[PDB]
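Asker: Given chain N, put chain J in place with the hints provided.
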Amino acid sequence: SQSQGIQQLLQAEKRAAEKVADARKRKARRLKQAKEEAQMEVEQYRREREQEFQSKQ
Amino acid sequence: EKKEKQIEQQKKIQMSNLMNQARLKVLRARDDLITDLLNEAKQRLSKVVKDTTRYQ
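Top to bottom, those sequences are chains N and J.
Residues are numbered in the entry's author numbering as their position in the first sequence, beginning at 1, plus a constant of 2.
Residues are numbered in the entry's author numbering as their position in the second sequence, beginning at 1, plus a constant of 57.
Wrong hints could be hidden among the right ones.
[Said to hold, decoys possible] List time: in silico DSSO-like cross-link candidates among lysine-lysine, alpha-carbon distance up to 27 Å:
no., chain 1, residue 1, chain 2, residue 2
1, J, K60, N, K58
2, N, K29, N, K16
3, J, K99, N, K58
4, J, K82, N, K29
5, N, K37, N, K58
6, J, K59, J, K69
7, J, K82, J, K69
8, J, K68, J, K82
9, N, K58, J, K68
10, N, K58, J, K82
11, N, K37, N, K27
12, J, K82, J, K60
Hints listed in this document are in silico derivations from the structure and should not be mistaken for laboratory results.
Just chain J, with the same shape it has in the complex:
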């Protein structure tokens, strides 16, 4: 019984940790997408600065 309960507890631990990593993985993917948005914004500003009159 102790060994079986050890298995049944460890396969709660492992699966809970895996779902936790799934959550944080999707959140990190979203963060990467928003950082990609901001980097593109920096690209656009660097382009605008080329247009002197607008930059003026």
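So here's chain N without its partners, still in its complex pose:
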């Protein structure tokens, strides 16, 4: 009778904590995706200026 209140409160706390944890995981994953995309765009610029350098030579 009495215990169900505490049970529901603790389980809701667990659910919210897991949700925010998954959100933080999302933050990290998207940050690393940004890092990777930054490297790929750096690579595109590197390729283009490689072509320009060859044309100069």
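Answerer: Only chain J this time, still in chain N's reference frame:
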């Protein structure tokens, strides 16, 4: 930028050296022509010495 500047500097070096060699080449050609003049003068003197009275 460093690579491009390397190219742009090396193509100053090379062209300056080439014009330098052009100058010295034309000067050496002139020197060869004047040495040719002096050698011809030696030929003429060797001919004159054959004429004994003039040589005397």
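Asker: Which hint numbers does the structure go against, in order from smallest to largest?
Answerer: Failing hints, ascending: 3, 4, 5, 10 and 12.
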